[PDB]
Amino acid sequence: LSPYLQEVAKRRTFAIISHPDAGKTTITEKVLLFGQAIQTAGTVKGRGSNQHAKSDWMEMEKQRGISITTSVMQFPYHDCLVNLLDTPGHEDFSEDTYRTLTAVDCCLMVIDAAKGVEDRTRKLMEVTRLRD
Amino acid sequence: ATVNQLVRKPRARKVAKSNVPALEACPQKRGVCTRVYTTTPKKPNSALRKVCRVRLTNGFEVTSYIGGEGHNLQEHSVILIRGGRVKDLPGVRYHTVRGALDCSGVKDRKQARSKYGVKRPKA
Amino acid sequence: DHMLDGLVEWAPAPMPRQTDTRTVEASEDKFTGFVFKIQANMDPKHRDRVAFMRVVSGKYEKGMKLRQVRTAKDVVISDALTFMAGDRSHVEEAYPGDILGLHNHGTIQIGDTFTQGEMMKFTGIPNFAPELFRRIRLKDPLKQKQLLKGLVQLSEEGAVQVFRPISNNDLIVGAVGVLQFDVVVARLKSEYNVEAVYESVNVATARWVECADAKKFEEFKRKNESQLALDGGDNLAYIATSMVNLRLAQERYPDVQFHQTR
Amino acid sequence: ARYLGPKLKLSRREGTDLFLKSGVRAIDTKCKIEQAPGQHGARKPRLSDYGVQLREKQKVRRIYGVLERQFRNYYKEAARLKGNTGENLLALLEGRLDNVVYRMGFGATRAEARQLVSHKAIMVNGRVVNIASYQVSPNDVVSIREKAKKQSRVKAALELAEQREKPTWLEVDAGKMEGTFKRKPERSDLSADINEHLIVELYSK
Amino acid sequence: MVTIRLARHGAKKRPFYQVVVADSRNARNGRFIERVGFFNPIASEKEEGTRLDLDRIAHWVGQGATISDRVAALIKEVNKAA
Amino acid sequence: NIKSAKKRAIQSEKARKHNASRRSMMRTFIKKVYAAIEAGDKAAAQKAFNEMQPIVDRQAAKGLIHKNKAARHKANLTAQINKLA
RNA sequence: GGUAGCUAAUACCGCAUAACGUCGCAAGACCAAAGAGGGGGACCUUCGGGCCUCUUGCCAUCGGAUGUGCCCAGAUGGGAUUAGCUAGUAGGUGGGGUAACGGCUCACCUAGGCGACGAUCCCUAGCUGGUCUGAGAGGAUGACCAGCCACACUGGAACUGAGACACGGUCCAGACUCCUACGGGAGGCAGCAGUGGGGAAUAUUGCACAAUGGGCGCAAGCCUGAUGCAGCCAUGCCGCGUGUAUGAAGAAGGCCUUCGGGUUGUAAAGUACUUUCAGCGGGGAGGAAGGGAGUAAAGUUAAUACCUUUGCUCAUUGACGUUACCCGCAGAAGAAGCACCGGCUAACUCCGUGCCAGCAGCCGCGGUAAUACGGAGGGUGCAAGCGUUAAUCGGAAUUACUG
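Protein chains in written order, with the entry's author numbering: chain A, 3 to 134; chain B, 1 to 123; chain C, 266 to 527; chain D, 1 to 205; chain E, 1 to 82; chain F, 2 to 86.
Check before you lean on any hint, since a few could be wrong.
Okay, derived cross-link-like pairs now, DSBU-like style, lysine-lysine, Cα gap no bigger than 35 Å in a straight line [claimed, not checked]: (1) B:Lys115 with C:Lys414; (2) E:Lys76 with D:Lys184; (3) C:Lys410 with B:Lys119; (4) C:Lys486 with B:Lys119; (5) D:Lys76 with E:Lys12; (6) A:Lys47 with C:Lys324; (7) B:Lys17 with C:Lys310; (8) E:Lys12 with D:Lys176; (9) C:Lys488 with B:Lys107; (10) C:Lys324 with B:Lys110; (11) A:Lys32 with C:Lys310; (12) D:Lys120 with D:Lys155; (13) C:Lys486 with A:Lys32; (14) B:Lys119 with C:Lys324; (15) D:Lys82 with E:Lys46; (16) C:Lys480 with D:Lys176; (17) E:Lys46 with D:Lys120; (18) C:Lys480 with A:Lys56.
It should be emphasised that the hints constitute simulated quantities derived from the structure, not laboratory data.
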């Protein structure tokens, strides 16, 4: 329990994947208020929940349409220090997501319960089993 | 004439006038190129000289010659003008550099390619 | 919050990454990161690029000296980013499992392994090849760098990559999947006030970017040069019309790949 | 930064022998010399006051292997130098180490007298001289590199050498391979088809 | 504080200082009063290597003037009267 | 501005205040001697002048009314005080 | 940050003490300051250290040197399609002021003061050393380097201090921008590197204080994008190399020919030969002087202590650095282009072409056999460059003082 192996063991670095328009980016914004990084919160496209609070979709065009490339996050939850990724949904668009998986030790898949399992959901599991 | 006179109203030099005043008296200039026309030269000669009216960067708009047989230029484009007049077409006091910015060098030219901008074709 | 409780409770501490040398334990000391991404760098006052590194083992500390295994050149670190949510932050010192940012100047690529000395490279990282189309020919009737500069700055990133033939103009871009739109959009966001549109271009390949022994290459860089291109990063590439004209090209032979390398 | 091509093609334009293809059989000929420096050599070049003035130096350069960008300065040099700038330019042109080499027969042509002064195979009062442009003062003694002394070449050179006009301001040897710069060449002990003024003028315009 | 020091008037790698009386504050090669010798850190075992108007240096020290510590290493590495 | 020597600011303020009064005492005293003149009290004049004579010399040696400045004050004072009294 | 309270010093402040000082003709007035270290025999006293002492430090008066003020004259752009300009304006007197003279300020008083040798007013502009050009007289210019000046977001102001009206200080106003829990806050790269912007176009978010020099410090030492190196770019000036020899009635090929041949052409081949410079390998100057540890010096002193000094002993100090340089290894291997050929201007033809296409610095080329167009052959001139455009002086005795 030296100050080194302690810092190491209390860390946890993960993905967040799914099929386009599932909930990545939203569940992420919410994970951020459970980490005291965002004192309020928002939505997406800065939409239905008002206030110029969208957010944390880096870029710009993202806020015009809907999501582009992996934003990365570090915050403290409970006894841990989480490193959070935000993987883009779209066939042509990424790439990147795949390379991003290379930085995660584990992974969380969001599923639209109104849609079930969609196309890039199935394709993402294949990519996942590559690294068990 | 007289010293006293020269002493008084002293001799005054007569400044020179740059035949090419598309400002700054600088190497060359970038220009938007307003139109791409062709005209006829003075009495002795008779061709269909190619020219373009270019909106320089400094605001002056000016007509320039397109040296070489054929060019890619048209409507918009963005040539870069040089200097040297075109004693055959008056008003044409500038030459657009070939193979610079939006301008394509003369296709196939093999002699004195430094001008007309072209690269050594398979030595 | 449950799924988070579940996250904290069950999910792995930093894991071992494989290399062509050994199983690299997270527990080890001696810093060992590996990049993995050079994010779509806008970015508020710089080209930055800031390569995103994973940190497999060892503790990073601000003034430490590291070794870029690939280029085999030892590099001292000072400005090493810590990303507080899509936002640069200064800067601290890191432990395995975190994500660190650097500063790409044609020195970093994708899968560039950094150690404290151990010459070895992480067997991971995908890096696949683009399809194509394009010819951004720009409204804004030029400039010309900002467009190009924009393109030779979105290209040391992993998504796309440009292609500029030996005719100065004729700019080709290729080509993640088909979202050639972020390009247009980053052509009037990020830090370039260009506009830009498209066309169709007689290019199937992709291409594939070659080099090996001398003289022979200079005979190659000549014969099929028509036809030959050069990239942002100052090398190399061909650009073909179809598959048959791709095969015959390589078939000129026998000098090297294939090569994509992003 | 040297010729590197049809060297006779040159001496044919100068209508004289520039000591180029010296080697074995000295005293040129055998190549068409004269009647065809090109594709119209047959012609009668009724040249201008310019011609018989540029061709003069265009010669002097070649009769030494020196170039323009540099020749000029030699002239500029001679100019500052008191006395007939004409003979002076010569004094400096002859004073070239690449020249003192060849001139002391330590090498066939003034061309073959370079590949070595260049490839460190000579020297002065010590220090091996790498630049085929060193300016040899008085007394300054050379000496083929004690190293690659007498080799499958330089030997065959000294042969025709000492059987040539033979200088007057150098005290060469033979097996000891190491001449000396006894004194700076006066005007009387050197010349031929070479005019001073005729060149000292071209640089006055 | 009129300190006698050296200015680097050499050339890439081959320096060539110069002892000079100058108002302590000025730049290295900045304004000064009067060159008073030099210093050649090359020379190579031959004839020269340094020169100093020793009987002038004293005139300054006389009106109070601190000497560099690298300037002092010269005032003696070359003796005083022998 | 984030530069350690900013304590040179608060360090100055201190002396600014200090001097201010010192100096403010300086004149206020000199004045009393002028008041006597615009009145004609040669007695109170030489008086205020003496209770100032040293008070001016002091803040001088301290360094606020530096050298000469001192002389002048007493000088053109001792001159007017008798010139018409 | 706010209020209360305690605490030290070379912080601050009296008193004392005073000349060679300030005020005053003189008599006499009145002015100052800090201590802190390394030691060390007496004696040792309230044995804290008093004291002896060297060592740095403080006060005061007069000086040295440097640095800065300030004043006068001459000179230092263009414009009269700028001819009149000025009231603190010009001088006086007298208070105040300044470090100092001074309209600096104020009061009073004379009424002046500058100007066609060009004031005033516009436009432009950092000045000199010098730089480029020229035979020179001159013309042009003032990047790099050094002297002087000025500014440091815009405008204004003072404070502190020897010195600032203060690039990385402060106060105010202005414009802009950044943080905020919304009440209030913060900042200015014309320091280095860097991004945006503009442009025909101008460099790496590098290394080290090792050397020279600066600030503090008794010293060691700390700080130092000053400096010294490095990284990028043929932008340039000076080098240098891409091979040196030898070689036939003179290859094939190309190109011209009245076909008899000429020419690229010794050019290539072939034959010998050298390997600088690169690439690979080794060995390795100089930029280092110094400081840091001990022994001695009528060195002073009460002292072999402590301090300095000078010899001497050992250990040791560089970024550049896989240095500069030197020796092999291999092998001509790895390294030539650009402009030009009617004339000025060195340098020729064929073909195509047809006043079309196009050339052009000026004259001037092209309407069928064009050395001036495009290509080919050939030739000419420059060479890591060559050309073009741009700009300056020259030629321009084409503002002519020389002329």
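Hint check:
no.: 1; hint: B:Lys115 with C:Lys414; result: 27 Å, holds
no.: 2; hint: E:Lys76 with D:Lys184; result: 46 Å, violated
no.: 3; hint: C:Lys410 with B:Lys119; result: 23 Å, holds
no.: 4; hint: C:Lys486 with B:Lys119; result: 14 Å, holds
no.: 5; hint: D:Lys76 with E:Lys12; result: 28 Å, holds
no.: 6; hint: A:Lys47 with C:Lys324; result: 38 Å, violated
no.: 7; hint: B:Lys17 with C:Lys310; result: 44 Å, violated
no.: 8; hint: E:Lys12 with D:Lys176; result: 40 Å, violated
no.: 9; hint: C:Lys488 with B:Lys107; result: 18 Å, holds
no.: 10; hint: C:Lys324 with B:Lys110; result: 62 Å, violated
no.: 11; hint: A:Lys32 with C:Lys310; result: 29 Å, holds
no.: 12; hint: D:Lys120 with D:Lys155; result: 17 Å, holds
no.: 13; hint: C:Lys486 with A:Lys32; result: 55 Å, violated
no.: 14; hint: B:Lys119 with C:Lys324; result: 54 Å, violated
no.: 15; hint: D:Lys82 with E:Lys46; result: 32 Å, holds
no.: 16; hint: C:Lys480 with D:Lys176; result: 45 Å, violated
no.: 17; hint: E:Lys46 with D:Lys120; result: 25 Å, holds
no.: 18; hint: C:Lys480 with A:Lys56; result: 58 Å, violated
Violated hints for the displayed structure, listed by number in ascending order: 2, 6, 7, 8, 10, 13, 14, 16, 18.
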